[PDB]
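Put together the whole structure using the sequences plus the hints.
Protein chains: 2
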Amino acid sequence: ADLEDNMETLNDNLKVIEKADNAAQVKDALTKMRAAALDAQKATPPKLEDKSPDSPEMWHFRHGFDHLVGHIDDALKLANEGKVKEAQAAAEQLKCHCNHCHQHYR
Amino acid sequence: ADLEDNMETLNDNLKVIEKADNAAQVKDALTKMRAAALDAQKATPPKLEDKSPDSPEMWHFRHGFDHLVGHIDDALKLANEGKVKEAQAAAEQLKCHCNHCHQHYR
Ligand code: HEC
Ligand code: HEC
Ligand code: NI
Ligand code: NI
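Those protein sequences? They're chains A and C, same order as listed. Note that the authors' numbering has the first sequence beginning at 1, numbered continuously upward. Note that the authors' numbering has the second sequence beginning at 1, numbered continuously upward.
Some hints here could point you the wrong way.
Identical chains blur together in the list; that is why a pair holds if it fits in one copy or across any two.
[Stated by the list, open to error] Dumping the calculated DSSO-like pairs for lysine-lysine here, alpha-carbon to alpha-carbon at most 27 Å: (1) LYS85 with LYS47; (2) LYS85 with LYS27; (3) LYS77 with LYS95; (4) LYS85 with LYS95; (5) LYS83 with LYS19; (6) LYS85 with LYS42; (7) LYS27 with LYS51; (8) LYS77 with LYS47; (9) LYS83 with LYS47; (10) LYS27 with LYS42; (11) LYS15 with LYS77; (12) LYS51 with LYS77; (13) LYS83 with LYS95; (14) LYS27 with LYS77.
Please keep in mind that the hints were generated in silico from the structure rather than gathered at the bench.
The following block contains the structure:
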């Protein structure tokens, strides 16, 4: 999927998690976010096509997705323990990853 | 100074930036936070007291300070350009760095 569709998936499912109140709902939404983040994890974005793959800017951009995926994974483990509210709080903290990357590279 | 000292310094001065009576207080606070972050990077957090310097948890702990310092430096450049409102806006987003590392290790 393209970058815009992946970002919409991340956007909407964050709210699905906030609206949820059980572990299955939160796990399902986090799983969709994980797939969306991985889909976008490798491609050079438009403001960065004039940069090497190992350039500091590309490195930080790719790190942004790797780290987002890591914390999605951590929230999933919470949901898989039935820790609904802790998983929701972890999901809310994902917004930091969103805004950090956007401020750098959007 | 120890890790508790550094964290008090980070907490007090982040609040100074939020409440600064004048623009000059923002730069002075950022300067103190930068020093505190680099000092904290050389500590071992209680929850990782077991781990050797080479452990994956200690790597991510140290890295969070490098990344915090990078964004402090971004905010300092803004302040040194006279863009003091932009610098205060950037400093507010430093809270995400606090929250992220704490989620792992506080
Ligand atoms: C970089 C490592 C990013 C992370 C982490 C997140 N996003 Fe993102 N986002 C990124 C880019 C480069 C862009 C712009 C792409 C372009 O070509 O313009 C975006 C855009 C969005 C959007 C706007 C969608 C649109 O139709 O234009 C949204 C709504 C969005 N991103 C949401 C979002 C969320 C919720 C994230 C965290 C959970 C998130 N993004 C992370 C780069 C990066
Ligand atoms: C890791 C990379 C961290 C970053 C970035 C920040 N903090 Fe932190 N903080 C961290 C740890 C491992 C701990 C526990 C230390 C301990 O001895 O238990 C803390 C703790 C704090 C505290 C409580 C301190 C105390 O005396 O118990 C505060 C008030 C605090 N941290 C504030 C703080 C702020 C405001 C930060 C961003 C500017 C910040 N920390 C970043 C690890 C990390
Ligand atoms: Ni992390
Ligand atoms: Ni950054």
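Any of the earlier hints contradicted here, and which numbers? 6 and 7
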